[PDB]
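Rest of the complex left out; these chains stay put.
Labels for the chains are A and B, by order of writing; each one numbers its residues from 1.
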């Protein structure tokens, strides 16, 4: 069994890769930025006793994504789990937001998930199996001032999740999303943090591992009847 | 008669956009009719609107183009003196199976449907902040909430529009502006009718009221959200779909 995680060089992506490796998956580590950080994650994954390698690719670019999937399948022999975790923010108030701030976030976060799903589908259709897990965010469900672009993409990812789920269900593929709340890795002044904590019933920020554990559950045989769903992992801030 | 309040409707040359424009006119709004291609259809709608006794004119703009949208808003505010209601109705489809969908089919739908809504909201914002009032109503779709095979691009945009609705709602609320969405179900005017009766039959089985909806059903809900009757409603998506999604 083989998995690919996008934007896996650090934070939630890395934790996801490490957890999948803990479950017995071979894991390909996609990255955009630092090679050495990605290579370190690959070594951490190998320490779990599975195979791993890093692949550089901009998920916004359909050609690069196609080459990425082809390499994973070439190397691992299959593609059983795809985790679309890569994402960026370029925050600004509505009136101040630049066109490139919109475009960059939409192409990376929304088109990137589409690209990865699209390029992975032919392999999964031939397998007649697969699990795709997309990362959304609590703000995709509730909105947030200053992030109109990011919110649009994470809500859009939920819609894409549902559509892909309905389209691919007949061929044995599940498609789900995980929406983190306020997670320590993603983390500000202690004053701002204090206010954010008042929004959270559990009264603490979540950890990378909370997100990774949920993704791993969705990628497992234990979740084979779950599809089209968004699992909110947010300490109760949105219910 | 030039009304004290004015509306802009995007993609208003036919179907749902046209009925919305006509309904806003009936409610006493001057209405600007935006169109992309067919000027003749837009100008006929303008005449229908003036027959209601309000002012109207047609404006050509591609909503995906930030600069055309800015010029469009400036022209509406210039002609009418304000922009009290913005209805983001313009949208296209480029349907295809996931594994076949062309990059251009994805891009065009995202730019018109999602970026278009962002552009219109962004460019309208300064005027509405100046007014300390306004209503923005965005058109989504039932498929934005439930997904639909063959429409992954369109679905992504209509879900994205609901997100954008909530974000703009939170950002603009404190200055007196509401932002909401309406999600039509299966509406007769959105159908080519090229599809067989058996396909119609199947779609009808999804709808408890066992009929397709009409443009006016959507228009009436938009007009409600655009009225003082709905001043405490914001960030909401109103589904008008005969019960097919609850």
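By our rule, a residue touches a chain if its C-beta (ideal position, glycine included) is under 8 Å from a C-beta of that chain, and two chains touch if they have at least 3 such contacts.
Asker: Could you tell me how many identical protein chains the full complex contains, when just 2 are shown?
Answerer: Number of sequence copies in the full complex, not just those placed: 4.
The definition used in the following text is that only the chains that are shown with their structure count from here on.
Asker: If you average the CA atoms of chain A and of chain B, how many Å lie between those two points?
Answerer: Between these chains, centre-to-centre, one finds 31 Å.
Asker: What does chain A use to touch chain B in their complex?
Answerer: 62, 93-95, 97, 99, 102-103, 106, 110-111, 114, 117-118, 121-122, 125, 139-149, 151-168, 228
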